[PDB]
Amino acid sequence: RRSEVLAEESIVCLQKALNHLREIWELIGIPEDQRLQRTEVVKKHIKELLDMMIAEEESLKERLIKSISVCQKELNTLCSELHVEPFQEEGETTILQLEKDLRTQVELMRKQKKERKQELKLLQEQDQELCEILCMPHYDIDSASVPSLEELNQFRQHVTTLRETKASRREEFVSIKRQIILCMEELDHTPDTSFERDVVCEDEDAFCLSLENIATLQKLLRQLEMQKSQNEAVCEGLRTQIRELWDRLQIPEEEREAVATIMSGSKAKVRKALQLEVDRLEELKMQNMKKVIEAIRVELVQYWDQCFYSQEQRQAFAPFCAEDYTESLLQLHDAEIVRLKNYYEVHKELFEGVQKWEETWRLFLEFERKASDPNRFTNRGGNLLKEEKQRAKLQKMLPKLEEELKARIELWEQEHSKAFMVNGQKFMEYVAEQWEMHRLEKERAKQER
Amino acid sequence: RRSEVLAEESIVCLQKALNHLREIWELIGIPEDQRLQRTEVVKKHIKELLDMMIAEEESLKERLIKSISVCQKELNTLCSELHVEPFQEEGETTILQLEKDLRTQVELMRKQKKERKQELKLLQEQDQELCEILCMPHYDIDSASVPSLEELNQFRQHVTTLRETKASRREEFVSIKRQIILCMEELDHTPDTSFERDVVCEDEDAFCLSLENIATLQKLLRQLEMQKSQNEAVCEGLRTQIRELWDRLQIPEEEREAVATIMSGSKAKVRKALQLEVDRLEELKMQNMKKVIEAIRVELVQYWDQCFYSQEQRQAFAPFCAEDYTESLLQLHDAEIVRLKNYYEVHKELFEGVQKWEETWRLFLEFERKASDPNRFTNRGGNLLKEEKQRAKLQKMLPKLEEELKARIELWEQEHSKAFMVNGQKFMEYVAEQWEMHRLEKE
Numbered sequence: 002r003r004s005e006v007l008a009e010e011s012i013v014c015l016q017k018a019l020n021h022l023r024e025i026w027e028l029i030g031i032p033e034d035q036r037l038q039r040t041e042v043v044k045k046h047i048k049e050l051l052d053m054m055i056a057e058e059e060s061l062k063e064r065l066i067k068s069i070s071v072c073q074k075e076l077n078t079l080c081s082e083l084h085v086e087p088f089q090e091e092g093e094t095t096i097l098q099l100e101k102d103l104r105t106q107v108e109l110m111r112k113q114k115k116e117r118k119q120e121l122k123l124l125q126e127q128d129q130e131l132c133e134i135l136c137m138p139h140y141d142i143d144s145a146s147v148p149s150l151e152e153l154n155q156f157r158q159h160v161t162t163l164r165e166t167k168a169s170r171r172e173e174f175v176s177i178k179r180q181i182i183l184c185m186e187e188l189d190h191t192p193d194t195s196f197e198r199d200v201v202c203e204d205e206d207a208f209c210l211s212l213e214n215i216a217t218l219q220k221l222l223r224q225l226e227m228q229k230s231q232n233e234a235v236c237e238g239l240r241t242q243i244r245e246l247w248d249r250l251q252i253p254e255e256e257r258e259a260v261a262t263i264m265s266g267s268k269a270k271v272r273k274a275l276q277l278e279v280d281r282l283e284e285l286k287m288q289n290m291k292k293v294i295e296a297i298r299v300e301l302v303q304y305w306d307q308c309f310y311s312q313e314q315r316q317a318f319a320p321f322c323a324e325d326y327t328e329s330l331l332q333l334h335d336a337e338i339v340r341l342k343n344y345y346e347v348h349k350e351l352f353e354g355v356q357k358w359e360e361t362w363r364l365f366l367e368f369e370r371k372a373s374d375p376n377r378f379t380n381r382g383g384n385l386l387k388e389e390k391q392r393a394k395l396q397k398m399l400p401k402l403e404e405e406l407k408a409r410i411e412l413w414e415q416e417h418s419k420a421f422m423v424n425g426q427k428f429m430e431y432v433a434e435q436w437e438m439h440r441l442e443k444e445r446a447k448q449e450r
Numbered sequence: 002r003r004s005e006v007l008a009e010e011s012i013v014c015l016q017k018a019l020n021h022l023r024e025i026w027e028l029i030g031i032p033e034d035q036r037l038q039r040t041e042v043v044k045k046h047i048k049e050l051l052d053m054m055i056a057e058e059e060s061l062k063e064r065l066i067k068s069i070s071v072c073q074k075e076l077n078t079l080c081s082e083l084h085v086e087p088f089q090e091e092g093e094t095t096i097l098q099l100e101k102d103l104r105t106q107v108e109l110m111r112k113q114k115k116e117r118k119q120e121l122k123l124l125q126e127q128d129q130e131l132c133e134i135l136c137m138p139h140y141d142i143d144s145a146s147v148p149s150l151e152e153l154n155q156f157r158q159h160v161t162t163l164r165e166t167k168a169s170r171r172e173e174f175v176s177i178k179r180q181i182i183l184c185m186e187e188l189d190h191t192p193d194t195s196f197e198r199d200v201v202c203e204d205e206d207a208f209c210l211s212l213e214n215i216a217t218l219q220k221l222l223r224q225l226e227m228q229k230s231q232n233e234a235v236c237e238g239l240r241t242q243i244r245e246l247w248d249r250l251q252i253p254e255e256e257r258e259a260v261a262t263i264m265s266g267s268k269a270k271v272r273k274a275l276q277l278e279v280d281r282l283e284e285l286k287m288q289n290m291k292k293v294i295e296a297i298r299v300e301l302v303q304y305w306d307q308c309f310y311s312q313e314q315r316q317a318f319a320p321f322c323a324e325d326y327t328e329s330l331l332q333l334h335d336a337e338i339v340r341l342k343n344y345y346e347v348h349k350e351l352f353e354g355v356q357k358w359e360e361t362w363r364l365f366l367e368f369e370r371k372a373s374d375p376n377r378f379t380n381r382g383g384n385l386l387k388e389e390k391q392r393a394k395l396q397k398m399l400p401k402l403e404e405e406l407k408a409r410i411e412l413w414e415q416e417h418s419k420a421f422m423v424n425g426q427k428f429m430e431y432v433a434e435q436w437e438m439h440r441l442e443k444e
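Top to bottom, those sequences are chains A and B.
Heads up: the first sequence begins at 2 in the authors' numbering, then just goes up one per residue.
Heads up: the second sequence begins at 2 in the authors' numbering, then just goes up one per residue.
So here's chain A without its partners, still in its complex pose:
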């Protein structure tokens, strides 16, 4: 109302000024011509200014009103694209205020739109990122244009669940790697594969966490466990074989407790040591049986020096040589030597007398040689009579044997049959041949007397 009064005040000012100008035009003489020529200037300036400001405001009405008319199309645009009810009031209803508020709400909803597009951009920046790793497809909108709150939250839950699954698969990767490492450390493997080097050495983050690479990881663990299982099986075999030779040989407590260290974790370089021990134990059995079989062969030689010996009867055997020691060899020697022992115990006295004859014979030859006077009396060993005295006893002992030996031999053929060889044939023929050489020596020495 102050302005509405200041208007009337201005009018009053004008009227007063005009009155004054009319006064000073009277104090001095001034024609109506110059008076009108001076009032015309004032009216001109006035009209000019009035037209100026009134143009400013008249144009201003059109400006604000057009601004509103456009702004409403703009809001109807921005309330359709964005599912939100338009806002308004019913008091002012003031052109200025209405225009200002309309432009305000428009700017606001543009900020909203920009924020939605931006949020969408970030969501995409996470989506394309994660989908590359899990090898999952995205995402079917397909709107680089406009979104909605419902759709926004949908994609939000989508991404969050994606992060959940990604974290889970990451945990799986972690654990399985933690196991694979131990397996490779056990088998002493070292990767040597592009994939293996990725898993073990690239040390995250990797890889394409699609079901493919994961399945390959699982398969790798299965392979390491396969090799480990193989090791355990084989070395179980060896560990059991050493128990076999344990029981067969001796299995002492101390030795067993010693090898018990080797009776441990299969999957290593232990295998070589165990195979070494097996070859060593087999060789040990071979050499032990070698000692035993050698000994028994010596006993065979002794028992063949006890009776016998046709070298063809020595060759009547077979296990001589025997560079191979196939255990059963021992089982052969046992049989032959047992047979030989029993057979000896059967014809014991026979062979006893058989040696008795050669002993008595050689001795008797020595005594006859001493009695044949190589020097005698002058060069010999007294007593000289006792030598004859025993020579007689020997000479009595011989035919008692010869008759007793010719009996058992002739009895043996009836008992066993059918031939006889005693490093010569038969045996009493050798005897008679020795009696022959002796009696011939004596008959020839008799001519020397």
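Honestly, the hints are just simulated from the structure, not real lab data.
Not the full set, but computed from the structure, chain A residues with beta-carbon under 8 Å of chain B: (1) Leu-15; (2) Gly-30; (3) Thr-40; (4) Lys-44; (5) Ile-47; (6) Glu-58.
No more than 25 Å apart at the CA atoms, straight line, and that leaves these computed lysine to any residue pairs for SDA-like: (7) A:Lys-67 - B:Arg-39; (8) A:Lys-62 - B:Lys-17; (9) A:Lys-45 - B:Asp-52; (10) B:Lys-101 - B:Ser-70; (11) A:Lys-101 - B:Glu-27; (12) A:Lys-419 - A:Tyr-431; (13) B:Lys-291 - B:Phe-321.
Where a beta carbon is used, it is the ideal one built from N, C-alpha and C, also for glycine.
Once you've looked at the hints, dock chain B against the given chain A.
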């Protein structure tokens, strides 16, 4: 009531405009703040403009008053100078019209001021120009400041009178110049003086028409006129002497006419010719008296033989033997020939007898000679008788003559006295002294 109408018209326009603009401010919601601002803008600007208008009007009004004041004082001062005729118009004073009027009157007063001052300068210029030539004083001022109409009149009348005097001086100059010209023509002067040659040859406009050169001029004219008068007087004297010589001489009337042309003016030609004429006439007179004197001398010598003379008588008189032919000498010779002719004529009867005796005696000697020589008979002229007879007659006449003659010779010495001689002595003795020369010639 028309400017007032347009004024109320503008008030209406303003009111309407304010109403409409306020209405626009009510339609569109203006929070009064901007209203109160804009109204302030309007009132401020308009009050500024109107105050500019008013201030301009006040400045111009006060200025007009100042102009009226200055022009008023100025007009007082412009009324004092020249003539005090202030002018006032009754009716409507009217500030503007009064200013325009006072300004105009000031303009006109300045105008006639400059006009009268310039006219003063010009009048002084003419004044000096003329006063340089007429050599008159000027003027009684010079008071170059301010003139009055009356003073203008005084200077004017002064100049007019000066022009009159100038014209007069020039007229007299012309007349006297002409006269002097004719004078110098008469005597063939050829000016010769710086003044003479300015006057004659320079032929205007000079010299200084002062009292100086005018007095000098008239003095020169007096000199030349005196010269001419002297000359004419001399010529008149010559003419008079010539006339006197005419009266003294025979002077033919047919010879007195052609000599009238020479007796004219007083030119040097006339002068010289007159002098020559006089000299010629004096010489002629002298030669005439000469001829006459010589003639009288020969008449004397005619009479110096008839009775006279003797060497003493030849020495007697004879003053003329130097030829000074005056009228006095003429008179002398006249007296002598008169006295001589009379001395002879008085004794003419007494003088003839001498020649008679001498002739008679001479021829007597002739006859006495021819009658003595005896060779006569053979070689002489007859008649001898006549000869002898005549001789006898002679001897008869001779002594009878001497008788009648000796009576007159003694009678003359009885008068004037006392003796006479002729070529010695002589005379009557010589008469007888010849008879003895005959008487001795006979022995």
